[PDB]
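Part of the complex only, each chain left as placed.
Just so it is clear, A, B and C label the chains in written order, and each chain counts residues from 1 on its own.
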Amino acid sequence: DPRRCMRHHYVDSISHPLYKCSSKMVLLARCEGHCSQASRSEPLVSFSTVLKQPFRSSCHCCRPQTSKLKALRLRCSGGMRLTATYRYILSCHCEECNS
Amino acid sequence: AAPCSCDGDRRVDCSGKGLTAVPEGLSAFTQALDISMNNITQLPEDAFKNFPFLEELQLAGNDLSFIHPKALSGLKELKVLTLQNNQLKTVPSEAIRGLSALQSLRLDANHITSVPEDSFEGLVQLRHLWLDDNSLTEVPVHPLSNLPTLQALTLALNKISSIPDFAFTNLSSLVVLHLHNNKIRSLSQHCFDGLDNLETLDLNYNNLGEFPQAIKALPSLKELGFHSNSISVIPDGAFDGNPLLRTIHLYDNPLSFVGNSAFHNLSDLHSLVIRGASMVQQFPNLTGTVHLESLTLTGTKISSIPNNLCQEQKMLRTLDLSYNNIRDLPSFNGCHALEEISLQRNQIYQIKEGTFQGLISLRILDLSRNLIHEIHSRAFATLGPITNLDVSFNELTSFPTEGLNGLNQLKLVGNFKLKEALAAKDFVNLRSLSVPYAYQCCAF
Amino acid sequence: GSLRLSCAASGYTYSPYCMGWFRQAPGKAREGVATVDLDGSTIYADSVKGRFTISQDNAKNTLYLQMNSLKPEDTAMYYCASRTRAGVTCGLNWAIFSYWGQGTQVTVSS
């Protein structure tokens, strides 16, 4: 079911923006799909003269549920080495965007 | 129930627990398993019979040195398999052939030296393959021939010496290719034949003696890098077959002569940095390229700048033209996006008021080590904000003050014969100034 | 020692493409000892070049490996391995073989 909120594996090349460094190929994950719950917006009736967020909103978004922080070491000029960090997503779920 | 951890979403992690064999007693419905940082030397025949529903398997750093050919049998649903940092001296040809649904295979950081001819056969769904940090001596042409669906291949840190013709002919779906840190010396004419979908090609740190003519067969290139090589010439129209190029890395080479129209019709190039191209005489005929943000030419014999420079390059931001023999300056009007201008160590001998007229977003100006003999009073008036301005080591009898009230850092070191002094009433924002003569700063 | 390291193939009889002998020290990797293919071509390890000899009786699939004057380094567990299809070059690579035996122990003391 391609329409479902799934995880997709894709490969990207990481290289430091300006330092003399060697690019590395890394495997990342991407939450992807369509939420089954329809987005909704309702007008609100208020009896108080104060200002309110005029609409109730519901917006379900396929976003990650669990994450694992990981880092990788690059080799650079002069033998100096630097570490870059990213989050590896393991699962995805529809969740309220505003929350 | 195992001594390692668990997860609600049908995932099991057992990294760094010192296991010697695959953990037993786990749930039959397991979708991911991690055994990375344990000390396992071999996988027996019946290792993974209890996990028919595996989708991801990790064994990185297990010190694994043997895989039974039937060990991975039954894992028809497997999609991700990692085996880096083990001691697999060769690619496990027989072991992995049963993985029909395999999509990602990591074998880097091993001591692989030989690849059997029938390796990877049957891996119809394979899409990513790592072979970095191995002792490979040549490209595995026939083993790769069985992977038409590959999307990302990397062979870095190996000892590749030469690439034969039609090496990647059947990998029409490949879009990423890494070949850096190898000992590659020669590329055959048709080595990259059939790579019509390649988007990034990495050839850094190799030992190329001449520019690779094969890249003319790549119609979808977007990123190219061949720095740290021994390339000396980019003859002419080298990138003729790569209209979509965006980034080129060529800034560490014994470059001596790049073609006059070497960078030409590249409508999507972003950064152009050339250093040490001594034999270059004319300006690069970079017509068509109108998407530049940085243009740096140093160490050449360029004797003039064309008037049409940024009336064409309206997106130009950084313009470095240090060294060289630039004697005259064309009006920089139309250079609305220029933030930094560098012209140090040139033959510039005057700045008429019409030279720097019209620039708004200028931020830094460098004119050190030139032979500037005079500056008209209103030459600096027209520019907007200025933060740096160096005219060190020139023959300035007088230096105008109008239009430099926003100046921050000023450097006139070595401007002898500049007798008449400045004043703080115009220069108000300065807190960095060095002047020839002596005690010119008693006012500040 | 006149040590005959015999093998036996019980699955199928018609000549498999390649059959080798391998050895394993405790806990280390599997490195080859000898190999023989359908044509009778023979390969040995450098440390095995002279001491041993691989033979074969194709009609019966009894494949011996003869060892004499064993070095003290020759303590290991030896595996008899086979392969059926012809899509590879014969050699002392453990990753090409399809069928592996339970192996046995050879402890050389003195």
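The rule is simple: a residue touches a chain if its C-beta (ideal position, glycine included) is under 8 Å from a C-beta of that chain, and two chains touch if they have at least 3 such contacts.
Colleague: Need the per-label copy counts for the whole complex here, not just what's displayed.
Modeller: Here the full set of protein chains amounts to A x2, B x1, C x1.
Methods note: only the chains that are shown with their structure count from here on.
Colleague: Find the geometric centre of each of chain A and chain B from their Cα atoms only, then give the gap between the two centres in Å, rounded to an integer.
Modeller: Chain centres of chain A and chain B, defined by C-alpha means, are spaced 25 Å apart.
Colleague: Identify all positions of chain A at which a residue touches two or more other chains, and write them in rising order.
Modeller: none
Colleague: Could you list the positions in chain C whose residues touch two or more of the other chains?
Modeller: none
Colleague: Please name which positions on chain B make contact with chain C in the complex.
Modeller: 41, 65-69, 87-95, 114, 116-119, 121
Colleague: Using the touch definition from the top, list the residues of chain A that touch chain B in their complex.
Modeller: Counting only chain A, the residues touching chain B are 9, 11, 13, 20, 22-23, 25, 27, 65-66, 90-91.
Colleague: In the complex, go through chain C and note every residue touching chain B.
Modeller: 24, 27-30, 85, 87-89, 91, 93-100
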